[PDB]
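Residues per chain are reported as follows:
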Amino acid sequence: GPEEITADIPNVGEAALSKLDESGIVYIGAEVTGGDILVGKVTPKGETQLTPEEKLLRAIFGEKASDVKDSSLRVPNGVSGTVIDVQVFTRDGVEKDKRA
Amino acid sequence: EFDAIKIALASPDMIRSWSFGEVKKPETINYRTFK
Amino acid sequence: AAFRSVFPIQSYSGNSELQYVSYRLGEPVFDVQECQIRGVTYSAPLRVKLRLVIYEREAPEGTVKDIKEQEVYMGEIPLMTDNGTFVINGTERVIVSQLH
Amino acid sequence: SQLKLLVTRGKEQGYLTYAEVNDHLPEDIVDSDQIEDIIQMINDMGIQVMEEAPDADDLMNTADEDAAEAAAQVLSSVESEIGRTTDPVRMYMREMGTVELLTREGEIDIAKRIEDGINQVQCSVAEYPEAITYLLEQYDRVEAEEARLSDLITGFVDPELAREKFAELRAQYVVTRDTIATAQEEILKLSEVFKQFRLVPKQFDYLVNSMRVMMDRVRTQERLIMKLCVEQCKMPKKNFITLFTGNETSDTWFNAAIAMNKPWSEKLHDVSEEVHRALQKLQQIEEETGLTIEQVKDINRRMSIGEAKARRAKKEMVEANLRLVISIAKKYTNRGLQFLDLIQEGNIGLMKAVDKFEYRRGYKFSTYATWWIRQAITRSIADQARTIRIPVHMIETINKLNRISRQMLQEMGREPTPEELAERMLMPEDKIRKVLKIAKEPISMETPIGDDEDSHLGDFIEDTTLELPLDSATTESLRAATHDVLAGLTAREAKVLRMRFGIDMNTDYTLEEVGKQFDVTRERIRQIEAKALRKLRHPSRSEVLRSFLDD
Amino acid sequence: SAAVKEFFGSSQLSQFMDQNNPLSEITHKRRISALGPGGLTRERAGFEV
Amino acid sequence: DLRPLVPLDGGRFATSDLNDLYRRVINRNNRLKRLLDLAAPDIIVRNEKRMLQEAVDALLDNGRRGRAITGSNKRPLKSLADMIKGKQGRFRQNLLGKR
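If you're matching them up, the sequences are chains A, B, C, D, E and F in order.
With the entry's author numbering, the residue at position 38 of the first sequence is 883, and numbering never jumps.
With the entry's author numbering, the residue at position 20 of the second sequence is 35, and numbering never jumps.
With the entry's author numbering, the residue at position 54 of the third sequence is 104, and numbering never jumps.
With the entry's author numbering as the guide, the letters of the fourth sequence map in order to residues 7 to 66, 70 to 166, 213 to 235, 243 to 613.
With the entry's author numbering, the residue at position 27 of the fifth sequence is 525, and numbering never jumps.
With the entry's author numbering, the residue at position 52 of the sixth sequence is 299, and numbering never jumps.
If you're looking for bench data, these hints aren't it; they were derived computationally from the structure.
A portion of the hints provided could be inaccurate.
[As the list claims (entries may be wrong)] Straight-line C-alpha distance at most 25 Å; calculated DSS-like pairs for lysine-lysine:
#1 A:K900 - D:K597
#2 A:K886 - A:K941
#3 A:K886 - D:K414
#4 D:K499 - B:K50
#5 F:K296 - B:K39
#6 B:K50 - A:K890
#7 D:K393 - F:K321
#8 D:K414 - D:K371
#9 F:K345 - B:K39
#10 D:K502 - B:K50
Model the full assembly from the supplied sequences, consistent with the hints where possible.
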């Protein structure tokens with residue numbers, strides 16, 4: 846299927862998303878550094894077919910392995926700078942998100 | 016673990032033992048569902 | 051001087067000569083900033099006003115009797131910016147002179 | 007042999023140019039590929055033929074040493090020949106050029122040859138009671154609707216007329232068959255009338271190959287009498303021609319073969335068993351196929367004669383047409399299949415044509431065969447042109463796409479957008495994107511990106527299936543942690559937790575198998591599992607565990 | 499268009515304009531290479547040039 | 248997996264030549280089998296045998312004798328020897344010096 850760029854990504858706390866806006870793409874002017882997310886993109890993982898005891902650890906804490914895994918654009922390690930511009934090229938068939 | 020390595024000709028018999036079944040058709044994948 | 055070298059092109063004695071009249075450099079779709087932003091080669095369309103003249107196979111020395119005229123499109127030719135550089139796929143390129 | 011001293015010149019210099027290896031060549035080499043092969047043979051033994059003066063100050070000898078004299082032999086021999094034996098295409102061109110391309114209305118002659126060759130086999134069929142009994146059985150079989158009535162014919166020479220001429224066949228067949243010196247004229251006239259039919263292809267094919275099976279059973283018993291006695295018992299070959307050959311069913315040629323009281327005869331006592339039993343076999347087989355042996359023997363022998371005549375002329379037909387086949391194939395050359403693949407698929411189509419021909423239509427064979435051949439060649443080019451086999455209608459769609467794209471490129475100014483092809487064609491605009499992403503061919507993983515190392519493309523492809531060693535070293539730690547947590551549980555709850563998932567065992571089990579293991583209903587087992595889970599959910603058994611959920 | 503576009507788009511005499519600098523551009527434009535299609539290679543020359 | 252058909256990005260697969268060579272050998276092998284079933288005139292089956300021999304000979308060591316078959320890229324495509332032999336085979340780079 847497709848890949849989204851939404852600002853909701855599995856397996857990362859809200860503290861690591863004070864930079865991304867609602868549409869998924871970082872604010873212009875935010876000071877990022879290595880490991881931050883410049884763009885929040887997830888790709889569908891179907892399906893996991895998980896392990897033994899990992900299954901028990903899932904049952905214990907009632908969580909659900911997400912149907913998606915994340916492949917989001919994070920700053921290469923070492924880099925540290927100011928996002929000074931962001932353009933959004935969109936295919937013609939698609940419909941533009943909020944940021945575009 | 017092991018020792019010397021032998022190289023030699025291979026009979027058709029030894030080759031048929033190496034394999035796991037013969038390849039008859041020349042197609043690779045299924046072009047829409049890529050199984 | 052590249053059109054005269056092959057024009058006019060005659061048939062195999064066919065009493066029909068496709069002769070060149072002139073050409074012109076079109077207007078560039080994108081200017082160099084937009085051409086870098088989109089990843090396009092900055093260039094100009096090349097219109098050519100050929101002309102098919104025909105002679106029917108009687109006389110005298112191919113009577114020009116049934117001729118035509120058009121403006122044909124033969125390819126786009128990249129353009130050198132005001133600093134002598136090209137934009138070939140949004141990337142700046144330079145054609146280094148050769149010593150042959 | 008100036009070549010031979012060219013080699014010594016290249017040696018005593020330590021290198022050869024293209025100038026020298028153009029000087030000391032044979033003056034009669036016109037095919038450049040011969041020059042290619044011989045300069046390769048030279049370099050293979052030394053010395054490498056660079057194109058200029060160098061090696062001037064490069065004093066570096071990997072050209073030793075048995076290859077030297079062998080390669081010199083091959084070079085000294087290349088003048089003895091003229092080639093080529095290296096291009097299959099040219100050797101095939103010569104091969105077809107051997108056969109004179111002159112069958113100018115000899116085609117109809119050889120075609121009539123085929124017709125009256127495949128009717129000697131028709132007669133030999135007409136003398137085979139078993140195939141004709143099959144035809145009668147399947148007449149009464151299909152008219153009873155045991156199959157479609159057309160199961161017997163691909164057309165013939213009326214339903215009730217068909218079935219009742221089959222009825223007259225039945226009556227002529229009974230007057231043929233119960234008149235066991244009366245069968246001669248009846249059987250022969252019934253075969254005369256019978257030869258006016260037109261079988262189903264598979265019908266005739268099966269019946270005649272089972273005719274062959276019948277005669278081959280007779281032939282196998284012939285082996286059993288031949289090698290068992292003449293080649294194993296040392297029976298005299300002249301003897302095997304004398305006594306057995308001619309009678310073949312009575313007991314007067316083998317049982318009167320041991321009895322002939324000779325050095326050969328009274329040694330037949332040890333292979334006497336299988337000949338004794340083979341006589342039983344053949345004697346019952348005479349009636350098994352419907353006639354004594356020698357009759358159907360020589361009828362199928364004439365069958366073989368007729369089929370050989372048929373095939374040997376279709377050869378000349380096929381070659382005289384393949385002279386055309388090559389030409390017809392040459393207009394499909396870049397389409398993805400190398401040339402000799404094309405002409406081979408063409409020749410397959412050509413054999414197809416020659417085995418479906420008719421002079422009756424009064425036309426020229428060329429057009430019919432060329433229709434067959436172009437059809438089969440395009441079938442080939444379709445079915446085996448790409449590394450991923452895309453179907454044929456899809457290739458039609460792709461061709462439409464290419465043509466209309468080239469057209470819009472020179473009519474709509476700049477280029478065709480697929481949104482524009484969605485209108486220019488009557489397609490749904492995701493069919494177009496699909497067919498465009500489907501028609502592209504694969505990139506070769508050895509295509510070199512021109513970098514420093516000259517590494518190719520196939521070395522920049524990560525393996526997105528492997529697990530990172532950190533992840534495996536995690537779940538090993540997870541096995542540790544879960545085993546630890548279970549250790550601090552009652553053996554009931556721990557065994558139920560393990561047996562419920564697949565934790566450190568083979569297959570996980572349903573609740574009922576677990577109750578089996580403990581003699582409880584599955585509800586008891588659900589209670590146990592829920593209590594163990596509730597116990598584990600609390601920290602002090604679950605801090606590290608929940609930390610495995612890193613989020 | 500294909501031939502001229504593969505000249506301009508991919509050939510040894512069409513390079514990324516080195517631009518880390520004003521002088522870098524201005525001295526990459528005024529450059530006289532002796533390689534490329536129609537010119538000798540590295541192996542074949544060689545201390546002639 | 249040693250001659251994979253990995254999916255690159257954009258539905259544009261990448262393969263190694265060995266798939267092309269194995270296709271070329273299996274095609275002519277099957278065609279020869281069908282010729283032998285049809286009882287063809289031995290001219291065509293002779294050409295088919297020679298074609299299959301060139302296929303196997305270009306699969307074993309391409310460019311050895313008969314002007315190596317070139318892939319779709321214009322290029323003389325590699326064979327088992329070229330994955331073994333030469334400066335670029337196994338024995339030289341990944342068998343002596345690795346990342």
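We went through each hint and held it up to the structure:
Straight-line distance between C-alpha atoms of A:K900 and D:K597 comes to about 16 Å, which keeps the hinted pair within the 25 Å bound. A hinted pair counts as satisfied when its Cα atoms are at most 25 Å apart, and A:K886 with A:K941 qualifies at roughly 15 Å. For the hint pairing A:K886 with D:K414, the CA-to-CA distance comes to about 58 Å; that exceeds 25 Å, so the pair is violated. Between D:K499 and B:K50 the CA atoms are separated by roughly 17 Å; this keeps the pair inside 25 Å, and the hint holds.
Distance check on the hinted pair: F:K296 and B:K39 sit about 17 Å apart at the alpha-carbon level, within 25 Å; holds. Straight-line distance between C-alpha atoms of B:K50 and A:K890 comes to about 17 Å, which keeps the hinted pair within the 25 Å bound. For the suggested pair D:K393 and F:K321, the alpha carbons sit about 20 Å apart, so the restraint of at most 25 Å is met. As the CA atoms of D:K414 and D:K371 are separated by approximately 18 Å, the hinted pair is consistent with the 25 Å bound.
Note on F:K345 and B:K39: the hinted pairing is violated, with a Cα-Cα distance of about 37 Å set against a maximum of 25 Å. The straight-line distance between the Cα atoms of D:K502 and B:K50 is roughly 18 Å, inside the 25 Å bound, and the hint therefore holds.
In summary, the numbered hints that this structure violates are 3 and 9.
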